[PDB]
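Just the one chain here, laid out as structure tokens, in the form deposited in one PDB entry.
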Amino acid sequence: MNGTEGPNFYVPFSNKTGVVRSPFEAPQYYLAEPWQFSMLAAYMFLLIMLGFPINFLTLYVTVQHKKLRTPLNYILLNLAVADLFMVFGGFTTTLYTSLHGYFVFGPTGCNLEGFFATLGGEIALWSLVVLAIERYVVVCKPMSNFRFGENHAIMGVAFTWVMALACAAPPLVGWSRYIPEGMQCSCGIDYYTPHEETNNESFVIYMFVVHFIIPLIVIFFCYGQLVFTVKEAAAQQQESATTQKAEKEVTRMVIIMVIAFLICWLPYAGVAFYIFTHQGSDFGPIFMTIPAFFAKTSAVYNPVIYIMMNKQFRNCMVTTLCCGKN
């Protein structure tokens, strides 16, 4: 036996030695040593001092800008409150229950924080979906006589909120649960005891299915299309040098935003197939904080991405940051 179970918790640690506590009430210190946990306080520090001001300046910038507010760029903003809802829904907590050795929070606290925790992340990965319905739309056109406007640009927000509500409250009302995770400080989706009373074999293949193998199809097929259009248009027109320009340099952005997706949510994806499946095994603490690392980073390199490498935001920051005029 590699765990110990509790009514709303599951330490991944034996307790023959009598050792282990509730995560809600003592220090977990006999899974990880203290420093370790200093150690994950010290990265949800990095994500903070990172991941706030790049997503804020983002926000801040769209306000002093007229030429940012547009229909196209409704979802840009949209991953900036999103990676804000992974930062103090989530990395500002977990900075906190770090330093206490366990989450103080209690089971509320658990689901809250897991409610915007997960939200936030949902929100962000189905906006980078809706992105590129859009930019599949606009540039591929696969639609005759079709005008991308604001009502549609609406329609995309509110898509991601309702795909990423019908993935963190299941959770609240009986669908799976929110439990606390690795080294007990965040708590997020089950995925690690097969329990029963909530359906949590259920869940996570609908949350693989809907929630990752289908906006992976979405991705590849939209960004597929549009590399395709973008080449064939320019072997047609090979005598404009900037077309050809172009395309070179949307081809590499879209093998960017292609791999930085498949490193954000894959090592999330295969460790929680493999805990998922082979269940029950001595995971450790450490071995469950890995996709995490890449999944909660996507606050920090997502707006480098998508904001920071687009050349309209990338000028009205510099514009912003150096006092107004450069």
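Numbering follows the first chain given and starts at 1. Superpose the two forms; the largest set of C-alphas matching within 1.5 Å is the rigid core. What changes on going to the form deposited in another entry:
If you fit the rigid core between the two forms, you'll see the Cα of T70 move by 2 angstroms or more.
The Cα shift for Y223 between the two forms, taken after rigid core superposition, is 2 angstroms or larger. A movement of the C-alpha atom of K245 reaching 2 angstroms or beyond is seen between the two forms when the two forms are aligned on their rigid core.
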Contents of the next structure:
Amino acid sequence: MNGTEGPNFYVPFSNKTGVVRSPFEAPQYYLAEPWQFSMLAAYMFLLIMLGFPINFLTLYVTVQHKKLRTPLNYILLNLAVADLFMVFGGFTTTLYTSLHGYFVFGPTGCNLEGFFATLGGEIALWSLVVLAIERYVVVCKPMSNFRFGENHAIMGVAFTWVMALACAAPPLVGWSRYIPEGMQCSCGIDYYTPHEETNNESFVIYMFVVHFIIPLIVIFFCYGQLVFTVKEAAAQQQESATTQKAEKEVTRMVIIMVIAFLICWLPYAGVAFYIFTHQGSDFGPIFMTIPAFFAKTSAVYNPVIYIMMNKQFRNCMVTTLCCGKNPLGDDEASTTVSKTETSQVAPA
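The form deposited in another entry is what I want next, because the block you gave corresponds to the form deposited in one PDB entry; please supply it.
A single chain, with no partners or molecules, comes next.
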């Protein structure tokens, strides 16, 4: 056999030399050099050091500035929360696991590791479909007098958690399951064994269709809409109104956010589909370690894109960080927001 299937795992390594050992019971240094696990460990460490501050700061700024209440300000607050669950929820176990070369906490640690990374990536995916819509509704504007209230935003946000849970929670209760991958320091869905006892093959198709192919289609199609309408070609103050102008900006970002997602998840999803379609073949531990661990940057790139592509949020952050105010920068030239400063309501 090309690998070592276990009742709970599947090491992508032969046991012809009987050197293979349950990744819930002993180090896996026979799969790779010990320094490489240190790499994973060092890496998970730096990611937690970046992901915590960046996501918490994002979260703190959004709340403190009483005017940051657009559908986008919501979706990104949602993402910051989901990213903090990633950091504390599973990254703590993946660093702990990398440090020992195996899942000392056994399947429980594997479930934390798998669930939160899944929950996180899937909340991002669904939050992108919501943006695609909102994006659409504003650009190609379907109604002749409609506007997303905060309620809607909270709707979309609530929706992303139902959809993400629909995919991440099943494996914790008998449908498919989380199992260690690559150097066995991370945990994902089961694409390795057909384990009928927990109905793995069906869940995998359920996830690639309901939680992937489909949301992608929506998002892409929706784009093919904001193709003839709002385009990447973004000019200066007023595009037909400085209003319309700054509309082109949010869309440019929602589009970058999509590219960042694919870069981050296509390789993983790709290796994952392969394995599913080539169960038992001869792949090694590094095969999935690389995209699996690279995809964990998904807990941080969202806020970066946001702060770099949103003059208003960046300013509210500089305003916040600069303890007092003095949003130096160039401000937003347009609206601003905060708590006691110029968070002065100014609609109509």
